Amino acid sequence: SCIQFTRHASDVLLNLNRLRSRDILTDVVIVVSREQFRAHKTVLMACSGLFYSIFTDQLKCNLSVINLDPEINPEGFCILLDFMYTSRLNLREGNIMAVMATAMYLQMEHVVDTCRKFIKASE
Amino acid sequence: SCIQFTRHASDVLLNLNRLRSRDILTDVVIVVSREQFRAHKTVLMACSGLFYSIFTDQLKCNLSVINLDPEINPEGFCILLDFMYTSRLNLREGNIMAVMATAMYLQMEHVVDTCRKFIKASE
Amino acid sequence: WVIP
Amino acid sequence: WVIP
Ligand SMILES: CSc1ncc(Cl)c(Nc2ccc3c(c2)CC(=O)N3)n1
Ligand SMILES: CSc1ncc(Cl)c(Nc2ccc3c(c2)CC(=O)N3)n1
Ligand SMILES: [Cl-]
Ligand SMILES: [Cl-]
Ligand SMILES: [Cl-]
Ligand SMILES: [Cl-]
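One line per chain: the protein sequences are A, B, C and D, in this order. Here my numbering is used: position 1 in the first sequence is 276, and no number is missing along the way. Here my numbering is used: position 112 in the second sequence is 387, and no number is missing along the way. Here my numbering is used: position 4 in the third sequence is 1474, and no number is missing along the way. Here my numbering is used: position 1 in the fourth sequence is 1471, and no number is missing along the way.
Careful, some of the hints might be misleading.
What the hints assert, rightly or not - Keeping only pairs whose Cα atoms sit at most 20 Å apart, straight-line, the calculated DMTMM-like set for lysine to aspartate or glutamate is: (1) A:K395 to A:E384; (2) B:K395 to B:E368; (3) A:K335 to A:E368; (4) A:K395 to A:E368; (5) B:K335 to B:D302; (6) B:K395 to B:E384; (7) B:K335 to A:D298; (8) A:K335 to B:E368; (9) B:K335 to A:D302; (10) A:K335 to B:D298; (11) B:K392 to B:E368; (12) A:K335 to A:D302.
Hints listed in this document are in silico derivations from the structure and should not be mistaken for laboratory results.
With the hints as constraints, model all of the structure from the sequences given.
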């Protein structure tokens, strides 16, 4: 018999992004080919199968720094981190391959799906 | 020129609630008249003007335990904590006064608004 | 607010 | 996915 507030989840995510932009309560640095990205472990876990596995590990959950595979493109990661905090994906002809490869590695199934569909349309 | 994934914010919140239910990466205990509630500081801040003010304070941001005012009803708090993590509010004739008082104290403006409207309809 |  |  609950009532539901339609905009609540969007408002929560908008506020989490405001905390990220002001570097408030960020508890991890993600290192991608020397580029550094500050974020909230819980948001990373909520969006990515890879971060979910990393931060549920009894040793890695306590790490303040995570180094990604050197094949990961920092721009691809940046676009995906922005998507995690906003639901918006800046998908362009010039970045689609790097974004799809990064989403496959991060295990972000819905992003992988739209990249596959956009690539299939261009062939 | 971004594309947007409609269900992303809801999926993030659903995953944050799964982390809460399994007590994963919770970093604060909220004490309400001896009852204890574990939660994520970032989610509390994203939903409440009161928690936003508390955890942006340079001393309180480091506290692992927060004690609420003794007038706060634990059931009212529990209903609001569930709403924070799900967008669903269990508003009933028997709890509406405690829920509204708790939402006013927590500074959750949309919850206060619906409580005022439901109370006005019953008079 | 809606009936979910 | 939609055009926001
Ligand atoms: C599976 S239970 C669960 N519970 C809590 C969290 Cl934080 C979580 N995250 C997560 C797991 C897998 C995947 C994603 C997020 C996005 C994706 O495409 N795959 N999962
Ligand atoms: C105002 S900027 C901002 N930036 C980040 C966060 Cl985490 C935040 N939360 C917050 C502040 C006030 C209120 C709420 C959340 C819910 C409500 O009714 N009032 N606000
Ligand atoms: Cl470390
Ligand atoms: Cl995704
Ligand atoms: Cl403490
Ligand atoms: Cl609210």
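Quick rundown of the hints versus the structure:
Our distance criterion of 20 Å between C-alpha atoms is met by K395 of chain A and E384 of chain A, whose separation comes to about 17 Å. Between the alpha carbons of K395 of chain B and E368 of chain B the distance comes to roughly 12 Å, so the proposed pair stays at or under 20 Å and holds. At most 20 Å may separate the alpha-carbon atoms for a hinted pair to count; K335 of chain A and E368 of chain A exceed this at roughly 35 Å. Between the alpha carbons of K395 of chain A and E368 of chain A the distance comes to roughly 12 Å, so the proposed pair stays at or under 20 Å and holds.
Distance restraint check for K335 of chain B and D302 of chain B: the Cα-Cα separation of roughly 13 Å lies within the 20 Å cut-off, and the hinted pair is therefore satisfied. Taking the CA atoms of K395 of chain B and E384 of chain B, the gap is near 17 Å; set against the 20 Å cutoff, the hint holds. Taking the CA atoms of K335 of chain B and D298 of chain A, the gap is near 17 Å; set against the 20 Å cutoff, the hint holds. The straight-line distance between the Cα atoms of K335 of chain A and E368 of chain B is roughly 46 Å, outside the 20 Å bound, and the hint therefore fails.
Using a Cα cut-off of 20 Å, the hinted pair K335 of chain B and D302 of chain A holds, with the two alpha carbons roughly 16 Å apart. Proximity of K335 of chain A to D298 of chain B is assessed by CA-CA distance (about 17 Å); at most 20 Å being required, the pair is judged to hold. Taking the CA atoms of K392 of chain B and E368 of chain B, the gap is near 13 Å; set against the 20 Å cutoff, the hint holds. About 13 Å separates the Cα atoms of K335 of chain A and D302 of chain A, which keeps this hinted pair within 20 Å; it holds.
Figure legend: structure checked against the earlier numbered hints; hints not met, in rising order: 3, 8.
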